[PDB]
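The chain that follows stands alone, in the form solved without the ligand, written as structure tokens.
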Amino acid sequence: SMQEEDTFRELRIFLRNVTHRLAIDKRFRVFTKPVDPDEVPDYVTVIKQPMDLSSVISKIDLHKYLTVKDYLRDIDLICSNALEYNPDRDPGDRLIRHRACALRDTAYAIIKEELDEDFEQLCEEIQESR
């Protein structure tokens, strides 16, 4: 229905604003663009499902997220990819892990404070109806 399309549009506007807020944070700059294979030719080898905030915007705009849970799965990938690719005790790896945990925690904290639980529940029910 048109009302269901309006609901999904509101979801995309919300997710684009959350993603923009993460992308303008200087801590998260490394997560804004895909990994350049020139710099890291082993990246695409080790990390099966690369994810970054530019890819998330592209997915919102392709109507790939029908619930906030589906969006948080891609935020969780950004975090888990960084924990897996940079697991060493050296400061460069620890800094990337801490920034990735902080992205993830920030996204969840914005959604806890600003997502209406009944809005998420409605999206879930439309999705499950398709």
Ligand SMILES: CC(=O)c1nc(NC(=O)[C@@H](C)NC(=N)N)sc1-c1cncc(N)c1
Given for the second form:
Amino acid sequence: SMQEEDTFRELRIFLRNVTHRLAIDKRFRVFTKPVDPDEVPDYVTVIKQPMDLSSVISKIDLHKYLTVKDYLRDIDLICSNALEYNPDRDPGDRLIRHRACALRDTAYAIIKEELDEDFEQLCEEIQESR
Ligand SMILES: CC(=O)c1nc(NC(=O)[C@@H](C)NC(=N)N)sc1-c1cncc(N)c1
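Starting from the form solved without the ligand, produce the coordinates for the form deposited with the ligand bound.
Expanding to the full complex; the earlier chain stays at the top.
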């Protein structure tokens, strides 16, 4: 309905704002753009489903997220990809892992503090009805 599309529009507005706050954080610059295959050749074969904050923005705008659970699955994908690609004990790997976990924790913390549980529940019930 028209009411329901207003609901999803509010969700998109909320998700753009959260994603922008993540993308301007200096700690998360490594996650703001897709991995360039020319710079990193072994990536595109180790990570089967790349995800980054710029691609998150595109998906918001393509109306791919109808719930924040859908959005958090891509945030979690950004994190788990980073952990999978950087499993070694060396400092570079361990710095990226720390930032990946901080990206995840920050996203979950903003949503917990700022997204009304009933708003998300409404989003899920509209989704489950389609
Ligand atoms: C996405 C990601 O996790 C990532 N990890 C990296 N790790 C490394 O460079 C070293 C420390 N570890 C290793 N095992 N290669 S660089 C990198 C990345 C590559 N291209 C573009 C963007 N933005 C990020």
